[PDB]
Amino acid sequence: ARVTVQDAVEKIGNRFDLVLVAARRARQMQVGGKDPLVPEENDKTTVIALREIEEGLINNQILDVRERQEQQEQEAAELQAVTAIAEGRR
Amino acid sequence: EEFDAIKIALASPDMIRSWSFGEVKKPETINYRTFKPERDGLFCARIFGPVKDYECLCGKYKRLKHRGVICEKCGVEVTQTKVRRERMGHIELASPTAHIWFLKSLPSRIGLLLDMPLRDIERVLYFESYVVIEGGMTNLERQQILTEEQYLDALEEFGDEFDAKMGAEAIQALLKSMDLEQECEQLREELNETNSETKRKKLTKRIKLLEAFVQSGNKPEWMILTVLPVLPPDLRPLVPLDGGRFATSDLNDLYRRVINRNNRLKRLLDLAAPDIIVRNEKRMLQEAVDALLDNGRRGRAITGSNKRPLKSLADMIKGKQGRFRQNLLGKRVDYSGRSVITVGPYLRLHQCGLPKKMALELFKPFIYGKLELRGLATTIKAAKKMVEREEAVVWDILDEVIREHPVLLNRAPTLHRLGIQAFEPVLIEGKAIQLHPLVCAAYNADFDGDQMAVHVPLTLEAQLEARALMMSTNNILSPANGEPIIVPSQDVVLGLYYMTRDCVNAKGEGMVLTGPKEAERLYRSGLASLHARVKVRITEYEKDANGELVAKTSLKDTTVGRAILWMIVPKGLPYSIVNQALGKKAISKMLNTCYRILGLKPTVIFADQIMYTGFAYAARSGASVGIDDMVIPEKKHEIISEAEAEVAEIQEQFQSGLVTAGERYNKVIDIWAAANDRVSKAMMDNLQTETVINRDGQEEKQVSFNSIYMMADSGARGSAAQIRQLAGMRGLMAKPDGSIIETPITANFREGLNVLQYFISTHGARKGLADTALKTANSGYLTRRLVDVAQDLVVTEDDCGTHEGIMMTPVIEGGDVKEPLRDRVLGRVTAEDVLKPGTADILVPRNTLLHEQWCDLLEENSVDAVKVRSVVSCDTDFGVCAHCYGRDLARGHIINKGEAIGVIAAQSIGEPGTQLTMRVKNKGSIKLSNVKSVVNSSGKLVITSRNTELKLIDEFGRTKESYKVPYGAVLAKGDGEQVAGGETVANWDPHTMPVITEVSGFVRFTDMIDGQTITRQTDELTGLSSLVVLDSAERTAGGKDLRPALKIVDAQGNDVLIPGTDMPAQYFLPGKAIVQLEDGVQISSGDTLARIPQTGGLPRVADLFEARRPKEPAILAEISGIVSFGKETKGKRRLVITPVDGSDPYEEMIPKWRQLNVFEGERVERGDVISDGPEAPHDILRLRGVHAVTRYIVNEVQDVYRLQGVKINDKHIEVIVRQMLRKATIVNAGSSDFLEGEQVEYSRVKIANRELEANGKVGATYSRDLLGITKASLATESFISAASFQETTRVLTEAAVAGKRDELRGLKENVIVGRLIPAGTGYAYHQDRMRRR
Amino acid sequence: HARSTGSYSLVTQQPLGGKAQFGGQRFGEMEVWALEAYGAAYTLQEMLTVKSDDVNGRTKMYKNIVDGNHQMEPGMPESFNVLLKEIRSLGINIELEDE
DNA sequence: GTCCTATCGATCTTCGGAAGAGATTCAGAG
DNA sequence: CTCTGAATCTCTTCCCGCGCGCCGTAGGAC
Ligand SMILES: [Zn+2]
Ligand SMILES: [Zn+2]
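Chains as they are written, first to last, in the deposited numbering: chain 5, 2 to 91; chain 4, 15 to 933, 952 to 1126, 1135 to 1373; chain 3, 1244 to 1342.
Keep in mind that a hint or two might mislead.
[Claimed, not checked] Far from chain 4, by Cβ distances over 10 Å, these chain 5 residues were calculated: (1) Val6; (2) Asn15; (3) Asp18; (4) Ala27; (5) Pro40; (6) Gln62; (7) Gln75.
[To be verified] Interface residues of chain 5 toward chain 3, partial, derived using beta-carbon atoms under 10 Å: (8) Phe17; (9) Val20; (10) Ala24; (11) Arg28; (12) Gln29; (13) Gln31; (14) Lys35; (15) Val39; (16) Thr46.
[Said to hold, decoys possible] DSSO-like mimics (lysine-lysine), calculated; alpha carbons at most 30 Å apart, straight line: (17) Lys66 (chain 4) to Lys1306 (chain 3); (18) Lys1306 (chain 3) to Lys399 (chain 4); (19) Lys832 (chain 4) to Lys1247 (chain 4); (20) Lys615 (chain 4) to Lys45 (chain 5); (21) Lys398 (chain 4) to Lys445 (chain 4); (22) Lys50 (chain 4) to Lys1328 (chain 3); (23) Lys40 (chain 4) to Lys21 (chain 4).
If you're looking for bench data, these hints aren't it; they were derived computationally from the structure.
Even for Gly, the Cβ is constructed at its ideal location relative to N, Cα and C.
Could you build all of it, start to finish, from the sequences and the hints given here?
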């Protein structure tokens, strides 16, 4: 559980950007749930997000770094499908 | 439909026909026996839509398989019934009808366009007189209204070469004949024809209306309604009530009246009824449309009940019960509840207890979200049943769901943001909401049956926002000033005061304790007393300049209670904070110091531990209160017995005629006041002296452990004014007219008050109660005005780059300083480089935030004036730069980009509005400001200046005393003399204004005659008189134009000249003067020629923000130069101001009864005071500048709070000031397309001038205009915010004719349209959208 | 008293008000100002669109909350549209705009 | 009884608001 | 003779919730 969020606020230098980033991460962990980068304590993803930020392993850039990379993987398999389909018709 | 703007304009009749799906004809809705909707009525099924969910009225189709088809048994179209609330109809009026709004707005738009008076247009519209149109070859003007007798003349004098219509038909024909653009051009050239400002201003208004109509696609006839659309029926339901009856609907009856009247008119027009009958029917139809649109603007509103007028469309739009403030700005929300709160001391700062029943009834869907996820329930159908069964497993599901889900708690009313907070909930058996003690201060929550509401944040972002912004632990500092909101409660502070207090002789005294822990053991073993004096080895940690704690251990002389409490204080503080008897003041800074050093996380736990310890040791204290504790000093009976006797002596004088009536009263009341002071002092002395104890030998006194004394001294409750009434005497009282009672209430509540004493007390009691009950409304109205004038401002940029600002100095008025420099300048950024006291040495960089350390550094130096950036001066368009605003008072750092400063400032100003009322001193050095003074005969410095101010600077080099000395005062202590406190600095005549000369020389009554200009008075006291100068009002021109003059004369023909001055020593006399130095008298320098004899609380600030003109306007002189008079006082006097160069003939009318600060030759400047009394913020801004008016507003609004003890950060006011003068009036049109003279929004004029000067063309010149809040709120360029505030029936027309368009910028509009606000996280989203664009 | 879901008013679909009726607490203008005092925008948007006004949205929110998604679709507060009709019933043509 | 039409189309709708702001008239005013 | 003064007109406004509890078309013609 989190009583304060001061450490994360010191990490992400804005009171509001922390809210938005934590929303992004907790949504990821909730729907299509990616496992968190912190040991759980029977918490709700919300607080778990605020756990990850204080450890300094999640922010905008890292999430962007993931998202873009994830997209590439999702694009990469597409080629493997398309070529295979193009092969299978022959 | 996705949208980005809202556009408002007039609706053309064909547009209305485009809106409509049918024409309502039959004024019937439903049968009185069957509930089917009658066709072609107000509830026609085929016009607006079917009533059944997916079935037609005729029943031919009852399936989605036939969706969208049209039946032919009834004609109704089968679709979703919801569409029934969106389709509209239209009624084609048998004759035109004027739109009531546009007829009777604040001006008359229809009247203004035709330049025809509202009375005459109403007379025409209501069929009272003809108006000739297309008069042709007749002596009949363009409009030229004419009565029926006049019309009866034109019927035979002329034939058909003239046309004179009646009613709305004539107005529609006139509008259809309006050559709008040509008329506007002709009028804009006619404007230059005459300089009649009285008509030029309304001509500018008329041409502005014409230009607005020309530019907009609106056409004149659209002001006359021809087709009236009908509201969708589902928005005006005819709901049934208990039994076979339908509830009355207001709009339905108005529509019924209109339809019936119009059908009658159509029937007659078909049957060719006589002209008189058709005219009467048309008038009735027009008045019925009037009742339908804006019922009440008619001569009398119609009603169908006991004089309860029917609500119209315009009634439903505006009003406190209207849509804007009833359903859009504030709407009832699901997932919420309320209950009676109670205090749970066991809760942490971040928790609150809620009942199990309320938790189950609020988190119901979440519980379902587990029942499916747990697999324990099949679906919602069984999940709801299981929840109803309140199964013991469902409580486990609730205990899992509620684990980390915040709940919002808010008490009604919620004046400031601290009234809504997020709490982590915990289940409680009862039905009351468990609230934390330390939080109850923020809510202003007394637990005497106080209800409070809970709201459940549902979505993920809502939970995160609650936990990050609204959590209890995130709001430990008040946003209004640097003051904690977790100030220790009343009970806790009593416990700490009792624990840390020390007694002379006590059990366990004088021993040595090896550490705090052992001390605690001693108390719990009973071997020592809590107040015993002892030596305990203390160890403390001090963090270095880098930030690592340094451990130091020592022996300390202290008390057992303090040593015990030291086990709770965190490892970063000195022992000296706990080595003193803590009270509500002394403890508070302690807590604050923790936040200053350790941080937020140690601070919250330290506060919780302090509360725990305070409660526990206050319970151990058992500090009861009883009648034995209220002490009456024995001398009191004597103090009365003497004091009354003295009044008897004052009575004896009145019994002997030796005193006047008033003097007896004002001596008796003063003697009683002195007696009351003596009684109070004796009572307090007895209260503290009641404790004396033996320290191993001989009695010794000490501080008193009396229950009332400890309650008062700890500051918990019952201050000195309470104990004085409980144990001294109640004292004097006031009548409802405020008169001081000659006979004070010489009793105190411990003793019985008699019948008359209680009846006297009732006056003040009821006055206070009525004051509260009446002021609670004006406070709220002021809050609403502030929020609606400042809702727009948001910190939307980092640095604006400006270098101006405002200079901060300690407030020095009435002698000694009332507030230091540190309070004003803390938390702002420097405007320019801060200089070292002296020369050529700077101390702080030009744009550095002055936090606590730099404030201490400045206070170390002798710096008194510091210029710092202010929100008013920041040059950011449509927003406020972050650097100007500076520190966020609730965080300590600089304010983030995206915070809504406007609402925060408005709440900060308006929260204490319910606390107001609605009913030489030290040695220093003499400094003179604006003091032009001359040497008299004795060489003393006698003032020849009228704006003279006296400033006193102490030995350490800072001004600590300030004074104002009027004109004609003699400066005993001048030329920088050092004078001790209490030694007379200067002297003045407190009654009359004296007039003095500069040179020494002979005089004569130049151009004066006895009787004509002076009265041969006798001075009956002696018989030798000082001549009395005749006034201008007491004498005709033979004495008015013969103005008295006491010009100094000499044999040389001129007086001894001052170097560079040619002015003769000419002096004169005003009215009411008393002059002794007659002809042949030698007047020395500094000799008095003659003498001339002579507020609020909350409203004082409410009218200040509204910028109301004073009842007694102190006239400030303008331009500069030397003043003059014009012609004398007939009706009202006329004067002229002559500058050294420029426009010499500037005149101004002046009131006669207002004495003038200048007579005929006084050097004057812009802003120079000519009369006393309050100034005018408009005039101050126009004459002394934006900084001057801002300083005036800030100081005069802080003088109200300082008197009442309320502290508000000055910045919170400046923002509102920024809103007052957000508009500017153009001085020269220049190369800009702006009108010659017009008020344009300052942001727009500034951006246009910026680009114009970038292109090198003549930028516009403007004067910033100070608008009061009540008007500036309605003057915005976004009509939605203005119409949501007040005068909606006016704004919704003024913007309509202008074809206004809203960009939805601001908070209120976005709240209305249900999208994210442009602040906070919403600002982050909008900023991301704009940057990715 | 506490309310999860129940009766909704007819002219505007906001929940009923009272104890004898299964109604919810009124979120006054002062509470809106206080929410704006913090940076909470999502909280306000939810509170005044999904919980109270947007008829289509408050069902889609219900499904997600039961589904455990915790995401809202704000749409537009129905009451606002009613206002437009009240103004469109006059001789005023007020309408939304694209750009 | 039902169901109708119309709404002081022969009265007097309340006198215990204050103010504040414009808007609209008037008044010596040259 | 109107102009540019005041003076005299009408219109707008007045804290937030919360509960009770009643009380809620009318007269006239077939
Ligand atoms: Zn049908
Ligand atoms: Zn700035």
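Going through the hints against the structure:
Not every beta carbon of chain 4 lies more than 10 Å from that of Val6 (chain 5), the smallest distance being close to 5 Å; the non-interface claim is violated. Distance check for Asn15 (chain 5) against chain 4: the nearest CB is about 6 Å away, which does not clear 10 Å, and the non-interface claim fails. The beta carbon of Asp18 (chain 5) is not kept farther than 10 Å from every beta carbon of chain 4, the shortest such distance being approximately 7 Å. With 10 Å as the threshold on Cβ separation, the claim that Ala27 (chain 5) sits away from chain 4 is violated: the shortest Cβ distance comes to roughly 5 Å.
With a least CB separation of 16 Å from chain 4, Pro40 (chain 5) remains clear of the 10 Å interface cut-off, as annotated. The claim that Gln62 (chain 5) lies off the interface holds: its Cβ sits roughly 15 Å from the closest Cβ of chain 4, which is beyond the 10 Å cut-off. Residue placement check: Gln75 (chain 5) keeps its beta carbon more than 10 Å from all beta carbons of chain 4 (closest about 22 Å). Checking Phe17 (chain 5) against chain 3: minimum C-beta separation of about 5 Å stays under 10 Å; hint holds.
Given the 10 Å rule on beta carbons, the hint for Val20 (chain 5) holds: about 8 Å separates it from the nearest Cβ of chain 3. A cut of 10 Å between beta carbons decides the hint on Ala24 (chain 5): the least distance to chain 3 is about 8 Å, and the hint holds. The interface hint given for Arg28 (chain 5) holds, since its Cβ lies 7 Å from the closest Cβ of chain 3, which is under the 10 Å cut-off. The closest approach between the C-beta of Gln29 (chain 5) and any C-beta of chain 3 is roughly 12 Å, which is over the 10 Å cut-off, so the hint fails.
For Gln31 (chain 5), the suggested interface contact is upheld, since its CB lies about 6 Å from the closest CB of chain 3, less than 10 Å. The closest approach between the C-beta of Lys35 (chain 5) and any C-beta of chain 3 is roughly 15 Å, which is over the 10 Å cut-off, so the hint fails. Taken as an interface hint, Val39 (chain 5) does not check out: its beta carbon lies about 20 Å from the nearest beta carbon of chain 3, beyond 10 Å. Of the supplied interface hints, the one on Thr46 (chain 5) holds, with its beta-carbon coming within about 9 Å of a beta-carbon of chain 3, less than 10 Å.
Under the criterion of a C-alpha separation no larger than 30 Å, the hint pairing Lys66 (chain 4) with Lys1306 (chain 3) is consistent with the structure, at around 26 Å. A C-alpha spacing of about 18 Å is found between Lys1306 (chain 3) and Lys399 (chain 4), which places the hinted pair at or below 30 Å, so the restraint holds. The straight-line distance between the Cα atoms of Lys832 (chain 4) and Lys1247 (chain 4) is roughly 12 Å, inside the 30 Å bound, and the hint therefore holds. A threshold of 30 Å between alpha carbons decides the hint, and for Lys615 (chain 4) with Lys45 (chain 5) the separation of about 22 Å falls inside it, so the pair holds.
The suggested pairing of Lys398 (chain 4) with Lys445 (chain 4) holds, with an alpha-carbon distance near 22 Å, which does not exceed 30 Å. For the suggested pair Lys50 (chain 4) and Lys1328 (chain 3), the alpha carbons sit about 25 Å apart, so the restraint of at most 30 Å is met. Restraint check for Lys40 (chain 4) and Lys21 (chain 4): not satisfied, since their Cα atoms lie roughly 34 Å apart, outside the 30 Å limit.
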